[PDB]
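The residues making up each chain are set out below.
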Amino acid sequence: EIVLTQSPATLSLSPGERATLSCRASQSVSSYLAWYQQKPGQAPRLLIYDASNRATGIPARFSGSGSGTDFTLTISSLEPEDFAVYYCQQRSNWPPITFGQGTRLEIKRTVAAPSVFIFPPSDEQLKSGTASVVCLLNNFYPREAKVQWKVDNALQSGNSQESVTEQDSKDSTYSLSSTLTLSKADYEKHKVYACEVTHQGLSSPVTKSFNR
Amino acid sequence: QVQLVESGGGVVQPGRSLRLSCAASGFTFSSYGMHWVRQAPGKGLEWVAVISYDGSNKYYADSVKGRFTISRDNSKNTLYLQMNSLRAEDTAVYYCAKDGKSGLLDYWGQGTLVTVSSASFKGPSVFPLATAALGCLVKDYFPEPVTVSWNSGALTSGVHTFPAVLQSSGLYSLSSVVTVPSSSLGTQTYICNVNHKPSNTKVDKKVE
Numbered sequence: 001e002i003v004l005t006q007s008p009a010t011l012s013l014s015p016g017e018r019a020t021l022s023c024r025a026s027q028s029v030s031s032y033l034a035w036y037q038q039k040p041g042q043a044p045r046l047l048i049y050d051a052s053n054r055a056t057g058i059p060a061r062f063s064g065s066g067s068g069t070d071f072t073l074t075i076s077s078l079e080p081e082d083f084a085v086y087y088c089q090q091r092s093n094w095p096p097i098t099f100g101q102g103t104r105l106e107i108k109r110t111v112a113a114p115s116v117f118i119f120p121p122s123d124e125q126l127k128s129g130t131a132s133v134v135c136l137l138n139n140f141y142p143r144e145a146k147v148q149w150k151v152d153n154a155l156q157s158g159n160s161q162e163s164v165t166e167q168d169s170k171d172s173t174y175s176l177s178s179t180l181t182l183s184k185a186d187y188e189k190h191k192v193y194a195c196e197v198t199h200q201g202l203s204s205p206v207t208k209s210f211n212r
Numbered sequence: 001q002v003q004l005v006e007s008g009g010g011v012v013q014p015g016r017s018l019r020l021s022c023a024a025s026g027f028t029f030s031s032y033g034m035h036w037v038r039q040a041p042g043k044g045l046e047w048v049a050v051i052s053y054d055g056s057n058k059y060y061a062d063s064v065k066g067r068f069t070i071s072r073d074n075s076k077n078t079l080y081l082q083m084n085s086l087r088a089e090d091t092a093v094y095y096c097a098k099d100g101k102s103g104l105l106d107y108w109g110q111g112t113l114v115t116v117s118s119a120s121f122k123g124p125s126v127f128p129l130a131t132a133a134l135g136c137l138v139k140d141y142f143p144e145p146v147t148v149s150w151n152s153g154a155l156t157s158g159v160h161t162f163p164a165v166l167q168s169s170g171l172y173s174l175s176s177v178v179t180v181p182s183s184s185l186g187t188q189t190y191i192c193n194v195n196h197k198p199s200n201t202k203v204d205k206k207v208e
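Going down the list, the protein sequences come from chains A and B. Position 143 of the first sequence, counted from 1, bears residue number 143 in my numbering, the numbering being contiguous throughout. Position 104 of the second sequence, counted from 1, bears residue number 104 in my numbering, the numbering being contiguous throughout.
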């Protein structure tokens with residue numbers, strides 16, 4: 001088993017920039033190193049084979065170097081095309097065949113604050129003996145944020161789920177939904193309901209809240 | 001003209017069986033050797049198995065062995081995955097790949113999705129979420145996937161349809177949102193159109 005390491009995880013870049021991608025082996029894999037492109041909801045595709053070789057149909061913006069433990073992926077000028085996920089893989093020592101974990105290429109943009117929205121549970125859910133509390137994080141950059149739930153000032157762990165959008169193709173934004181799950185009974189017992197938003201581009205953190 | 005098409009996936013119960021297929025066109029299937037790779041949700045690549053030339057030689061990843069078998073009908077050009085004893089974690093898109101002429105994955109297919117659940121087929125409930133934001137809450141459905149529309153597709157703009165969560169339940173939940181002029185709003189009607197096909201479930205929800 002070769003461990004492959006990809007650095008960074010995330011690359012945040014503009015179009016036209018040079019792109020440089022890294023892959024470290026755990027022992028020498030010699031020259032046996034591949035690179036793979038995966039655009040979203042598609043499959044993998046081969047870029048580089050054996051460090052240094054272009055695959056068919058693969059444009060010349062795409063490049064690689066290295067030997068032993070040390071590998072590079074080169075893109076010369078970013079097409080927007082190229083903002084994707086990139087994997088490395090060894091054929092030196094297998095099985096198992098191994099992959100890198102991925103680098104993702106993000107569009108880099110100006111820092112954007114969220115956009116914060118709170119949703120009380122509906123009416124109609126209330127009956128199913130449902131209750132969902134919903135907090136919205138609108139169109140923000142970069143991707144790291146933090147939600148905190150609070151119920152009558154008790155903060156909530158383990159009771160929550162969150163999702164994130166893909167990068168906005170016009171905005172280059174991210175959005176997030178947080179779901180607070182909760183008993184009807186619990187719901188009723190409590191008064192104050194509160195989503196607390198912590199982000200890079202806020203002076204301070206934002207709190208959206210409601211009284212049941 | 002190299003094509004690969006996977007078939008065979010499914011919802012499948014923990015403990016059971018599932019066969020996958022990989023139809024090759026375009027090349028010497030029979031000269032190649034073949035793999036399967038797998039892609040859990042939110043997650044990276046994971047090599048599963050390899051079959052030779054010849055059928056003679058078969059390697060398996062550790063997490064799979066004794067459960068999975070790799071095989072091959074050369075002469076209907078087809079690659080096979082037999083999955084016994086399915087667990088929860090075997091949930092993944094399953095890709096078939098062509099070995100080059102190696103350990104190199106030359107050509108991949110588009111994949112086929114395998115979902116491993118004791119959970120019962122279900123439609124969603126569709127709750128309302130009332131510079132303005134609005135949307136719909138799509139609770140407690142199984143399985144994937146689901147579609148959202150706003151105003152029959154006439155609203156596109158300021159739309160966020162969020163990826164689904166799994167549920168302790170084993171049901172899915174989700175959100176679609178939209179931002180809008182507070183202006184509008186008196187006055188413009190908003191309806192989220194929800195399609196959940198594996199249940200034959202359609203819901204139209206006015207939010208106001």
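There may be inaccurate statements among the hints.
[To be verified] Derived pair list, reagent style DSS-like, types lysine-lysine, alpha-carbon separation capped at 30 Å:
(1) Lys206/B - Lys191/A
(2) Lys127/A - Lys184/A
(3) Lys150/A - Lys189/A
(4) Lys127/A - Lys170/A
(5) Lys43/B - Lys39/A
(6) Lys184/A - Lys206/B
(7) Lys184/A - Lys122/B
(8) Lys184/A - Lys150/A
(9) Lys206/B - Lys127/A
[What the hints assert, rightly or not] Taking beta-carbon pairs under 10 Å as the criterion, some of the chain B residues facing chain A (in silico):
(10) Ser52
(11) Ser56
(12) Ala61
(13) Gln110
(14) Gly170
Simulated from the structure, these hints should not be mistaken for laboratory data. For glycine and all other residues, C-beta sits at the position ideal for the given N, C-alpha and C.
Hints numbered earlier in the text: which of these fail when held up against the supplied structure? 4, 10, 11 and 14
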